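Here is what each chain is made of, one letter per residue.
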Amino acid sequence: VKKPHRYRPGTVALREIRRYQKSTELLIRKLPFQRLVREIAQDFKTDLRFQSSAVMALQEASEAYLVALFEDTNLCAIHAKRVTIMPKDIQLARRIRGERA
Amino acid sequence: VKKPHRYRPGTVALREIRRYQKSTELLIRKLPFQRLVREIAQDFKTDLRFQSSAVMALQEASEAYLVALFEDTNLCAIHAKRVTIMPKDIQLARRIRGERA
Amino acid sequence: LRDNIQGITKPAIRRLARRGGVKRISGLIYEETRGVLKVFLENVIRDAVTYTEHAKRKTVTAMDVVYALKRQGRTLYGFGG
Amino acid sequence: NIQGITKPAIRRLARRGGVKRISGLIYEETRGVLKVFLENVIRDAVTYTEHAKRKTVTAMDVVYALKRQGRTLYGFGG
Amino acid sequence: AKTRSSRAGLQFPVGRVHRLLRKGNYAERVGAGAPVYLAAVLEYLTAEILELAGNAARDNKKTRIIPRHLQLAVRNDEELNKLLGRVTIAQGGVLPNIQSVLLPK
Amino acid sequence: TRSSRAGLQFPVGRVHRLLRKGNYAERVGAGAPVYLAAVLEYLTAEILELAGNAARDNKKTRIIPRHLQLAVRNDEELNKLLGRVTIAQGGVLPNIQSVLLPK
Amino acid sequence: XXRXX
Amino acid sequence: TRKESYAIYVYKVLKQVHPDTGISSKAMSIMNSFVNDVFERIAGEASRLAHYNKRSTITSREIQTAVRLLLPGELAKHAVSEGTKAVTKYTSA
Amino acid sequence: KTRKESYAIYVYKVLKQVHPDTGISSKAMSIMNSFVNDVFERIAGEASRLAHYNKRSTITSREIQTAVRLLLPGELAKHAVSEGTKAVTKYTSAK
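Chains as they are written, first to last, in the authors' numbering: chain a, 35 to 135; chain e, 35 to 135; chain b, 22 to 102; chain f, 25 to 102; chain g, 14 to 118; chain c, 16 to 118; chain H, -1 to 3; chain h, 29 to 121; chain d, 28 to 122.
In case anyone wonders, no lab produced these hints; they're calculated from the structure.
Errors might be hidden in some of the hints.
Claimed, not checked - Here are a few chain h residues that face chain g, going by a calculated C-beta distance under 10 Å:
| no. | residue |
| --- | --- |
| 1 | 85 |
| 2 | 111 |
| 3 | 115 |
As the list claims (entries may be wrong) - Cross-link-like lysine-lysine pairs, in silico, DSSO-like; alpha carbons within 27 Å at most:
| no. | chain 1 | residue 1 | chain 2 | residue 2 |
| --- | --- | --- | --- | --- |
| 4 | f | 91 | g | 95 |
| 5 | b | 31 | b | 59 |
| 6 | b | 77 | g | 36 |
| 7 | b | 79 | b | 91 |
| 8 | a | 122 | e | 115 |
| 9 | c | 118 | e | 56 |
| 10 | h | 31 | d | 82 |
| 11 | a | 79 | b | 59 |
| 12 | a | 37 | g | 118 |
| 13 | e | 37 | c | 118 |
| 14 | b | 77 | d | 113 |
| 15 | d | 28 | f | 77 |
Built from N, CA and C at the ideal position, the CB exists for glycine as well.
Working from the sequences, and respecting the hints, build out all of it.
In C-alpha cells, the structure reads:
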C-alpha cells in the first residue's frame, strides 16, 4: 500500500556513470590488486619485492587501460544497435586495436 | 528459350576476394595515384620532385593501410550482423584504432 | 597466492565500465575482463621483472614499471621518469 | 585528382581486405581517409626533404616518415 | 647576465638542457643554439599546458592544480590531446561524456 | 675474423662498428657485437627457413616478397615481432570470414 | 608451435 | 643526494602564467615527467635527423625540424616561433 | 660510384645454410636487409636505453641479452638468447 521508490532500470546506472567520470580515485580495491600483481610476478621470478609505488603504478596503468577498453567496447556495442556490452564487443575492440590476433 | 548465366549476387564477389588475396600487384592505377601524391605535396612545398621509388613507397604504404582498414571495417560490419561495409563501419574502425578522434 | 584474479570483483569491473561510459553490462563480461586484465598485467610485469633482473635487484621499482609501460606504448606520468 | 582513386580501385582494395558487399557511400569515405593518410605521410616526408635542403623527395624520406607514424615499410632501403 | 637562460630570455635551464643533450648519446657534438631552442620549446609547451590547467583549476574554484586539472586541460584541447594521445596521467580520470543513445527519452 | 672466431655468418666487425658509430653508448663491450650478430643471424635464419618453406609450397626456387609475407604472417611469433611492419609486394594471407561464405 | 633450433 | 628535476622552472612558468595559482606535488611530478618525455621525443628525433643526413652535430635546425615533426599544427607553429625568437635573442646577447 | 653497404651477402650465406637449393630475389633481399637493419636498431636502442637507465656507459652482451628478451616474444626470445650465449662463449674460447 505504498510501494518503495524503485528507480527505473538504467537510472542508477547513469548516475554511477556521472559519478565515476567525475572522480579520479582508483576503482579496483588495492589489496586484491596487489595480491594479483604478486601472483602474476611469481611466474617470472621468485622472492620478488615490490615498491608500493610500483604496485600503484601498475594499478593506475591497468585501470586506465581497462577504462579505455570499456569505452571502445561501449562504442562497438552501440554500433551493433545494442546498449549492453557483451564479450564479443570486447573481442572486437581488442581485435581492431591490434592487441588480440 | 534462352537465359544468361548470371551468377547469383555475391559469388563473383567471393571470386574477386580470392583472386585479390592471392595476388600482390598494386590495386590503384599508378598514374592517378602519382598525380594525387603530387597534388597533396604541392600544398606543403612548391616545385617538388619525387623519386619514382618515393611514389611507389607511398602507394605501397597507402594500399597496405587501406587494406588493413577494410579488414577492420569488414569485422565491424559483421559485428553489426551485416554483410555490407558502410561508412559508419569505417568510422568505428578508425575511432577504435585511435586514428580519428 | 592462489585464485587472486577473482579479487577483481564484479562491482570493481562495474565501476571500471561506468567510468568508461557503459550503462548496461552483460553477465559474461566480468570473466572476459578478468582475462584481459590478466593478459595486460602479464605483459607489463614481464618487462618490469626483466628490467629488475637486469639491474640485479630483488625489488621491482616503480621506475621499472614506468619503463615497461613506456616500452609497450602506454607512457605513464606521475611516478617518475 | 582525388577522384583518380576510382570506384573499382576501392572495390579491389576492399576485396583484398576480404569485403564481400560494399555500400554506395563507402567510396567517398575511403577517398577522404586516403587523403588524410597521404597528407600526414607526405607532410612528414616533405619535412624530411626540406631539412636535408633537397627539392626531390627520396624514397628514404617516405620510409622515415612512415617509420615515424609506426608504419615501418620494408623493401625500399629501410 | 651570466646564465644562458637570461641571455635567451627563458625560464627553463639552457645549461641543463645542453648538459642532457651532451650526456644523452644523441650525437657526437651539440650546437650552441640547440639547447636554447629546445629550452624555448619546452618552456612554451609547459606554459601552454599550465594555462589550460590553471583555467580548469579556476573552473573548480581551486587555487592549486591537481592531476585532474592537467587531464582536463590536455584532453579538452585537440592539439595537446593529440600530442599526449598515448599517455596516461595518474589520477587524471576521464573526460565526462555519455553516449547519446544511453540517455533517457 | 671475429665472425669465424664465433662461428657466425653475420659480420661481428661490421656490427661492432655500427654499434660504436650509432650513438648508442659511450663504449661498446667486446661481447656485445658478437651477441647481437648471433641474434640477427638467428632471426634471419628463422625468417629464411619459413620463407623457403613457403617458396617450396609454391613450387618456386627463389624467395620473393610474397613468400616472406606468408612466412611472417603465418608464424605467430614472427607476425607479433613484425606487427607494425608492412612488407612491400607482400599481399595478405587468404582469409574470408565465415559468414561471407555461401550457404 | 615450438621451434627446432 | 641530489635528485634534479624541472620543479622550479615549471613553477616559474606557472607563476608567470597564473601568478595566483599553485601546483600540487602530484601535478608537479606529472609536469616534470611530461617535460622529460617531450625532451626525449624531440632529442631522439633530432638525433635521427642528424644520423639520416650523415651529420655529427645537433644544431638548432635539427631541433626545429624535430619539433615540426613531433608537434601538431598550431602547437608546432607556435613552438617554432618561440624557439626561433629565443635563439635570435641568444645570438644577439 | 658510391660504395653502399648491406647485409646481402650474409643473408645469402644464412639462406644457403638453411635452404641450400633455394635462391632469393632482389626485392626479397632488400626486404631482408631492411628487416636486419630494423631489428638491429630496435635491439641497439633498447640496449642503449637499458644502459642509460642503469647509469652505465657501456653496452655489454648483458644489455643486448636483456634487450632481446624485452623485444622478442617468448620462444623467439628464448632461442635468440641461446644462440647469442653460444656465440659469445665460442668467441671467448678462441683468441
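Each hint, compared with the structure:
no. : hint          : result
1   : 85            : holds (4 Å)
2   : 111           : holds (4 Å)
3   : 115           : holds (5 Å)
4   : 91/f / 95/g   : holds (18 Å)
5   : 31/b / 59/b   : holds (15 Å)
6   : 77/b / 36/g   : holds (24 Å)
7   : 79/b / 91/b   : holds (21 Å)
8   : 122/a / 115/e : holds (12 Å)
9   : 118/c / 56/e  : holds (23 Å)
10  : 31/h / 82/d   : holds (14 Å)
11  : 79/a / 59/b   : holds (17 Å)
12  : 37/a / 118/g  : holds (24 Å)
13  : 37/e / 118/c  : holds (24 Å)
14  : 77/b / 113/d  : holds (22 Å)
15  : 28/d / 77/f   : holds (22 Å)
Violation of the numbered hints given earlier is absent; every hint is satisfied by the structure.
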